[PDB]
Amino acid sequence: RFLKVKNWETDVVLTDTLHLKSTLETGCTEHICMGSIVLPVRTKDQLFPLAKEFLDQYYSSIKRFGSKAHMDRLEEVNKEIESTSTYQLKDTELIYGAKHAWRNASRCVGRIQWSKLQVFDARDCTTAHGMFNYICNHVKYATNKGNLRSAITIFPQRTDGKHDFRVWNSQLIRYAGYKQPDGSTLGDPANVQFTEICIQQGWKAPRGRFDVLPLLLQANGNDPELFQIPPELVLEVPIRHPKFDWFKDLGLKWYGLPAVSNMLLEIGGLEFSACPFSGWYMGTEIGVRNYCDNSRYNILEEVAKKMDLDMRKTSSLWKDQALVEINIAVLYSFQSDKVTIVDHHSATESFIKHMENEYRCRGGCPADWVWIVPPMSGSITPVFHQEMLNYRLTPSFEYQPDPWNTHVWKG
Amino acid sequence: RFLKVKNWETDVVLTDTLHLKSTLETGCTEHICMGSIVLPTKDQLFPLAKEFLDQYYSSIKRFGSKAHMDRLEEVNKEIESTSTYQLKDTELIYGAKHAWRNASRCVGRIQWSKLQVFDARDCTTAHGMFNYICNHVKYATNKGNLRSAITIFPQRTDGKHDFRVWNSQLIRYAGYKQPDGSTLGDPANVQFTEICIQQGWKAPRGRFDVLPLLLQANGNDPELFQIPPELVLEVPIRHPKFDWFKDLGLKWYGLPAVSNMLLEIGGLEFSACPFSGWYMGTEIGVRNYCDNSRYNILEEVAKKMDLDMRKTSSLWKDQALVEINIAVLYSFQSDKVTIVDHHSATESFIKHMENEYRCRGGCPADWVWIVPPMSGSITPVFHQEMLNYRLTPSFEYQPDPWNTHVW
Ligand code: HEM
Ligand code: HEM
Ligand SMILES: N=C(NCCC[C@H](N)C(=O)N[C@@H](CCN)C(N)=O)N[N+](=O)[O-]
Ligand SMILES: N=C(NCCC[C@H](N)C(=O)N[C@@H](CCN)C(N)=O)N[N+](=O)[O-]
Ligand SMILES: C[C@H](O)[C@H](O)[C@H]1CNc2nc(N)[nH]c(=O)c2N1
Ligand SMILES: C[C@H](O)[C@H](O)[C@H]1CNc2nc(N)[nH]c(=O)c2N1
Ligand SMILES: OC[C@@H](O)[C@@H](O)[C@H](O)[C@H](O)CO
Ligand SMILES: OC[C@@H](O)[C@@H](O)[C@H](O)[C@H](O)CO
Ligand SMILES: [Zn+2]
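So the protein sequences, as listed, match chains B and A. Using PDB author numbering, the letters of the first sequence map in sequence onto residues 299 to 338, 348 to 718. Using PDB author numbering, the letters of the second sequence map in sequence onto residues 299 to 338, 350 to 716.
Keep in mind the hints are simulated off the structure, nothing from the lab. Check the hints yourself; a few may be wrong.
List time: in silico DSSO-like cross-link candidates among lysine-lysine, alpha-carbon distance up to 30 Å [what the hints assert, rightly or not]: (1) B:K660 <-> B:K555; (2) B:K555 <-> A:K645; (3) A:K486 <-> B:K620; (4) A:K620 <-> B:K560; (5) A:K620 <-> A:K406; (6) B:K359 <-> B:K370; (7) A:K452 <-> A:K423; (8) A:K613 <-> A:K423; (9) A:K452 <-> A:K550; (10) B:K612 <-> A:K452; (11) A:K660 <-> B:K555; (12) B:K660 <-> A:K486; (13) A:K452 <-> B:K620; (14) A:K406 <-> B:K486; (15) A:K486 <-> B:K612; (16) A:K620 <-> B:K452; (17) B:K550 <-> A:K423; (18) B:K302 <-> A:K486; (19) A:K550 <-> B:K620.
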């Protein structure tokens, strides 16, 4: 089959054939679309075909499909599965697998960078202290004093499901959130529950508005352990505005390294439950969502007051005006401190070029419009005008339940 | 079976059962989502009519009544005999209001029950169509205090006698390709404009020429008519702080009136059913004025504001965008012409959604279209999960007539 997508601004039409390789379900049906829904131990039986599909993809990528090396590897893996019920990936396969999970992430607008991922193999890790050391090294490497480099650290794969490795933090670096008895929230509201867990586990909370959370690490299914990331490895940027000198006095700042640490990486049927990865920020993530969501730092009112905007009626678009200035401040601050960041115009323009290239060399590029289009100025970015097809390819990054809802405590 | 939608800002979860009544397809499958794609017999008729009538009689608390059963048999007899049937005025009004109620891409549905329905099923000629349209425009415009309305022309018979309004909206500006290779006017209307000239219209070749109506009756060739100039309310655009804005010489019409969709009620198809409400600010300021394929005025405005257009990161496009939109809202409000900003419109849709889940068990909604084209996440709909599905009565897309008409 062939499916076409059209760009309504340029009339350019692209043809997709890659969707035929899609196996996983989307959540939609011929009668209902769930395109805006955020969240719509295997057996030997189901494992070898997953392994085979992957190795076939890998060997084709290196132009050795059907070779003796390819056939020997399939045989080697088949024998390993029947013998041990699982199998180990070669270093080359792990790297190829991690890169493709990113290439296949339909919600990621930064995929033009997919082939440049630095992969850290942490499959020899056995304890939480070992995980801490690997993570510190990841943060230092990725941060690179402001010249950010994309990277992923991969811990041991799932075995029987009772020995999982997990990073309990949602991101390696985040700010604590504290619920006050008067019902107000200090810090980042998004992390109140995790913050409470850390405190219960023994963390001594400084109780400020921007406290870097400690790492809570679980190795081999054991109870998680607390570790503080060396302060000198956590790069932060004070936010100020190029024309408004009062902006700095809002006391805002943000960390430079965005590092998702709670997703699961699937490669050839194998499940990597601890696979923290990082790239660099697109400005709106901080300026629009982290600072302006009503449920996050919610700074729109304070900023609009300072700009002395007419806040008597929404039709003056005071919220829209303040939003633009806040985002100008974020980009200006990061750039001033020489910390990598990309604005939404540059990022979306690059994604469109990446998408077109993928359709041509790969036959498609699964993309989730709802997530790709920036949270501000949507229609003045090219992606708003681009029809997209969303489907799931493996290797892939998947959501998994927070560990505190499933962990069997040992005491 | 029972689906749930969550609002990530408030945590409120709603349960949807209404989708179970969905009949038409979405274009998606379990393997691929096409959520961002813009355009994804007597034996057939009676089933559709029954489905509709059952919902109508249920709405009037007379389901399973004798009147319900009588009407059901009356229509059945009529279909078998005439291969079609005629809706009672009450059914037509209910159907039209529900087609709006079911429009998943419309953010202004909290207004659905207040639609004024003009029954033009007795219309027979193109001149008759012109008169009905002039009356709709005058009524809906109401000197600036707009009122929602729909005018319904004769239903499809055999497909060779279809009534059609060739225009995409009752009121739009012409588009002309110039020697410069550039485009004068609205680029979106270049093809239709040429069809009008090809038909006789004397184009004024200006930037904002109100197009004439091309009306088709009983399947005959379409005819041109000029909407009385005095019935077309326009608003000159100026900014409340930038005196130079008025120098851009921009203006827009006050009445948005989609005229090319097909209204389906109880299996019957009404190919000419122009309807109108009022504008959401972003429609004009973001899309019409800033789309690169439309008036594309961002650069001009940025220049007048003296913004640094060297680097995209200065967010000059974003700053100019907000100003253009502040000007549109200010101009309409200053002239007492109805208009709603995206914050107010989206807040009302969320309230409408809650009402609908509580009293109907759901509300089909297309997130891709409901979320405004600017400041997405500072509006509540961005944080609202939605389920998109098709219910009838409905408003459907249909091929432009010039690509199907046999002259
Ligand atoms: C190099 C710079 C990168 C940029 C500019 C970028 C940008 C983005 C942005 C803007 C989002 C949306 C975030 C949100 O709204 O929560 C995102 C999502 C995502 N990115 Fe990227 N990304 C980059 C690197 C990476 C890397 C290194 C990986 C993996 C190896 C990756 C995997 C993903 C995934 C899986 C999602 C969706 C997560 C979810 O569903 O919550 N990205 N990216
Ligand atoms: C009363 C005020 C109304 C408001 C504020 C409103 C607003 C909107 C907006 C902003 C859109 C998107 C337009 C676009 O991006 O092209 C829209 C779409 C739509 N509206 Fe409403 N609307 C109103 C009344 C109506 C009425 C009276 C009807 C029908 C009787 C209606 C039927 C629809 C339909 C079918 C669509 C989607 C059209 C498409 O798919 O292209 N609307 N509306
Ligand atoms: N730019 C990035 N942004 C990551 C954004 C993560 C986002 N702040 C977040 O909280 N994501 C949720 C997922 C929400 N669906 C999580 N990680 O638990 N990633 N990067 O590698 O460069
Ligand atoms: N506010 C309204 N806006 C509708 C605007 C229609 C839009 N400008 C338009 O051109 N739609 C195309 C379809 C868009 N894919 C058409 N009807 O030919 N509607 N109203 O009744 O109040
Ligand atoms: C309900 C809706 O799906 C939700 O708010 C989505 C919309 N688009 C998004 N897009 C990005 N990049 N990130 C998000 O968290 C979201 N949230
Ligand atoms: C390609 C994409 O579907 C297209 O640009 C859509 C997105 N959302 C939209 N939303 C509204 N209200 N109106 C539109 O014309 C569009 N265009
Ligand atoms: O406070 C805990 C939250 O950070 C956590 O529940 C996240 O919402 C979850 O990881 C999904 O992002
Ligand atoms: O110039 C003709 C166009 O306006 C017309 O073909 C529209 O694109 C069509 O009605 C869909 O909006
Ligand atoms: Zn879908």
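Structure-based check of each hint:
1. B:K660 <-> B:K555: Distance of about 36 Å is beyond 30 Å: violated.
2. B:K555 <-> A:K645: violated, 41 Å
3. A:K486 <-> B:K620: violated, 41 Å
4. A:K620 <-> B:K560: holds, 23 Å
5. A:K620 <-> A:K406: Violated, at about 49 Å.
6. B:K359 <-> B:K370: Holds: B:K359 and B:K370 sit about 16 Å apart, inside 30 Å.
7. A:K452 <-> A:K423: Holds, because 19 Å separates the two Cα atoms, which is no more than 30 Å.
8. A:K613 <-> A:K423: violated, 43 Å
9. A:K452 <-> A:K550: holds, 27 Å
10. B:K612 <-> A:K452: Violated. B:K612 to A:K452 sits at ~37 Å, over the 30 Å cutoff.
11. A:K660 <-> B:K555: violated, 37 Å
12. B:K660 <-> A:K486: holds, 29 Å
13. A:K452 <-> B:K620: holds, 24 Å
14. A:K406 <-> B:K486: Given pair A:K406, B:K486 is violated - Cα atoms ~47 Å apart, limit 30 Å.
15. A:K486 <-> B:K612: Violated, at roughly 47 Å.
16. A:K620 <-> B:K452: Holds. A:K620 to B:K452 sits at ~24 Å (cutoff 30 Å).
17. B:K550 <-> A:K423: Outside the cut-off at roughly 48 Å; violated.
18. B:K302 <-> A:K486: Given that 30 Å is the threshold and the Cα spacing comes to 28 Å, the pair holds.
19. A:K550 <-> B:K620: Distance of about 17 Å is within 30 Å: holds.
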